[PDB]
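K.L.:
If you want the building blocks of each chain, they are given just below.
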Amino acid sequence: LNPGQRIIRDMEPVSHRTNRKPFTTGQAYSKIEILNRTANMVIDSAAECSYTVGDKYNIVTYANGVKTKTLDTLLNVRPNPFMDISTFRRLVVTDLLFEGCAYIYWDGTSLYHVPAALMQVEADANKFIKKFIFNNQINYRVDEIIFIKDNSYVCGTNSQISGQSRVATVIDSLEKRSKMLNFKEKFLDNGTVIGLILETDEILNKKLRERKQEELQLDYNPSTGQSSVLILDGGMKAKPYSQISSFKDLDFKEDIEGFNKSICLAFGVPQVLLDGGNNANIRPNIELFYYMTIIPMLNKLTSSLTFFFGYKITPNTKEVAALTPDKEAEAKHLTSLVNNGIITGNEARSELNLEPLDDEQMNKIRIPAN
Amino acid sequence: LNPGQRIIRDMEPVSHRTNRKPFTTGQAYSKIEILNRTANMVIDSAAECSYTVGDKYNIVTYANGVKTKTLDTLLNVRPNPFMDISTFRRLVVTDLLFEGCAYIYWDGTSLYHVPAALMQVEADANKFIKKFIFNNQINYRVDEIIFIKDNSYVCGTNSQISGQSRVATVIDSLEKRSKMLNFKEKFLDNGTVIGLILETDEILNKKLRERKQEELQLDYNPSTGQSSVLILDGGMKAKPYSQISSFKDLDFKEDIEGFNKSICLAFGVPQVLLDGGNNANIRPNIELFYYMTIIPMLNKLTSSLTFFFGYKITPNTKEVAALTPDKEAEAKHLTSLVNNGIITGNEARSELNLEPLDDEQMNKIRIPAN
Amino acid sequence: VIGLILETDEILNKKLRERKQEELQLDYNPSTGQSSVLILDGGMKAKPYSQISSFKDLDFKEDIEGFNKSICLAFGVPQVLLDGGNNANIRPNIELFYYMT
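Chains as they are written, first to last, in the deposited numbering: chain J, 11 to 380; chain K, 11 to 380; chain L, 203 to 303.
Honestly, the hints are just simulated from the structure, not real lab data.
No residue lacks a Cβ here, since even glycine has one placed at the ideal position from N, Cα and C.
Since no wrong hints were added, every one of them can be taken at face value.
Just some of the chain L residues that point at chain K, by a computed CB distance under 10 Å:
{"no.": "1", "residue": "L208"}
{"no.": "2", "residue": "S233"}
{"no.": "3", "residue": "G235"}
{"no.": "4", "residue": "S238"}
{"no.": "5", "residue": "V239"}
{"no.": "6", "residue": "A248"}
{"no.": "7", "residue": "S256"}
{"no.": "8", "residue": "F257"}
{"no.": "9", "residue": "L283"}
{"no.": "10", "residue": "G287"}
{"no.": "11", "residue": "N288"}
{"no.": "12", "residue": "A290"}
{"no.": "13", "residue": "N291"}
Label pairs and their in silico Cβ distance ranges:
{"no.": "14", "chain 1": "J", "residue 1": "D54", "chain 2": "L", "residue 2": "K222", "range": "49 to 57 Å"}
{"no.": "15", "chain 1": "J", "residue 1": "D54", "chain 2": "K", "residue 2": "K137", "range": "50 to 58 Å"}
{"no.": "16", "chain 1": "L", "residue 1": "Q236", "chain 2": "J", "residue 2": "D94", "range": "48 to 56 Å"}
{"no.": "17", "chain 1": "J", "residue 1": "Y150", "chain 2": "K", "residue 2": "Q281", "range": "38 to 46 Å"}
{"no.": "18", "chain 1": "K", "residue 1": "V164", "chain 2": "L", "residue 2": "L298", "range": "27 to 35 Å"}
{"no.": "19", "chain 1": "J", "residue 1": "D54", "chain 2": "K", "residue 2": "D336", "range": "26 to 34 Å"}
{"no.": "20", "chain 1": "K", "residue 1": "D336", "chain 2": "J", "residue 2": "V203", "range": "53 to 61 Å"}
When you get a sec, could you build the whole thing from the sequences and use the hints?
P.N.:
Okay, structure coming up:
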């Protein structure tokens, strides 16, 4: 046991909600299209990757007596007798994203989801965590909650608990982008556009002055008029005016592009995926996105699962439509291994997502020799 | 024993925390998003690399009697009876990053984590280190704590104690970038936009003047108007004004890009990882990131581990999704090695992350000979 | 940073002058205002001022890049290692760094 755990409790007795302003985040996700699309692709991608359970670690875990097949079916087919697999996975991933942490309940035989927007974790004076408090009055325990924590540095010191919300960091950038974009719309709806100013030093009958004003407006526009010369009489003067604040000054494109690139940067999506990319970009960018962004996100979940159940669980995609291996190269390398005897044919079948055959000559290596 | 160790202790009796301002760093991590993404990539990438324990060094280390398999389980499956593997690695790496150093406690059988933001190291007049003081009154020892130090040159002389926090070098750049970015939104919300400036040397009825100023603004906006000509009567003049301080002057984009490269440079992540890259950019840049940045960072940890336990521990990834070898090239070199008899087939499978199979012909080198 | 410089050759009650200054500031900003034309009465003029020392003059970026290259030069680290490199850039530069430095 850790002799310094009680000081850890004293320095942070309870978890801290990190999505400091939730309503602004919800408003932006609802009515801002870069956050909407980026969060949607991240969550949907973290919902397509299947989980493959491995061997049993001969250790004591919080959940014991669960067989491999039951865990596999509840984790890849249907978690709860009442809820979907993709819905539950998306809920967990969106809790991990929009909130710092993500929480999953564990019944006797079913694996329920609990939102992290209301749960608060209370540290223990002795071990690691005393008891979770969902909103209030729940008081789950610890053996029945799967804890997913995204790394955080909140307040002075990092925390054994809680988590820092990825979406909560882009709120300032989203507000800046929205204000900067609304400024152009209001500038267009407000700024005045004129084509000609005439001046006279004597008052000339406001009614008739206005009538001549619309006469000049309609008559000297090539779409609706067929005149191009003015003969000003009586000393009326034409002031050579200029435009005060032209639209060319408001060059917000570069700043808006910077804000968009930053927002795509925080979630981790490459900018090429949202745009159109060449053949040299699409496959490497899909690989970079999925692996280096999502697979940490799912690795947190799978590590928490292998802590909770003791079964080695890893994010093994091998089936997502975005990372389907190149058929020619994959076939070439699998055939090379099969011919040269490194792997059996059945393993190649398993890699090709086929089903192994109960054949004799395939279950043993070829060993070409001669 | 070192004759000069007492002078070393006299020149620096105790360690000193190097993250001089923790709260500003926390607020930057929580509300500045380039820093969030860079730190998250570094920490998560430093949490995916598995650890392989090698042989036993016949030396007297601080931890004795620990079995190889028990150390492997503690270091790759479950460090604690109460906390995860990914969470533990993430805490250790974020302590190494945001603070200068990182500390890991060691019970008889459990390998607990302790924060480095609170704990101070006291040098020894004779050997190396008297003890470790966690805030106070705990007073761990040295025989039971694992010490991971990031190289530092603080004050006049470099220290065998303490350490330099990489993030603390970035706070000034973060403040500069935040101020520079806030200046643009404040300039937009504060600057004035004018369409016309009409003057008269005599007073024209403020109420009716304001009514005409609303009518004249709404009438000459082509979105909401059907007039474009002015007939100024009574001697009212139109001053040919010009915009005083246009927005085109504030060319902050290059400065903000410089500050973004500022933020990313200190952590070590290449700028291509954040953006999109070609076939020739993604995998080489991920290789640079992992190797050059992370693997020294985990090499500090593994060197401290091999000091503590005496077992050769190295960061052996071989499984991280972002460094999966090219299937075709990997197949080609493995098959060539197997055919030409340099390595056995079983160790080829081992390098393929599969399970070696107990065969008679495969356990020996093929020896092509003819 | 200034938007307007309106001038008057007579004194006009500092308190209300400041009040109208604030009102005309807030009114003629499209973000927080819904007006774009200004009618000046009483002989008040509008001086066509200009920006004295614009931020565009301070082009420090090239000098700052030179200083960064100079700092990275003394230690020996190639500039490609810190940035992103292609297949042709990255491994020869890692080799040059390790070996030569």
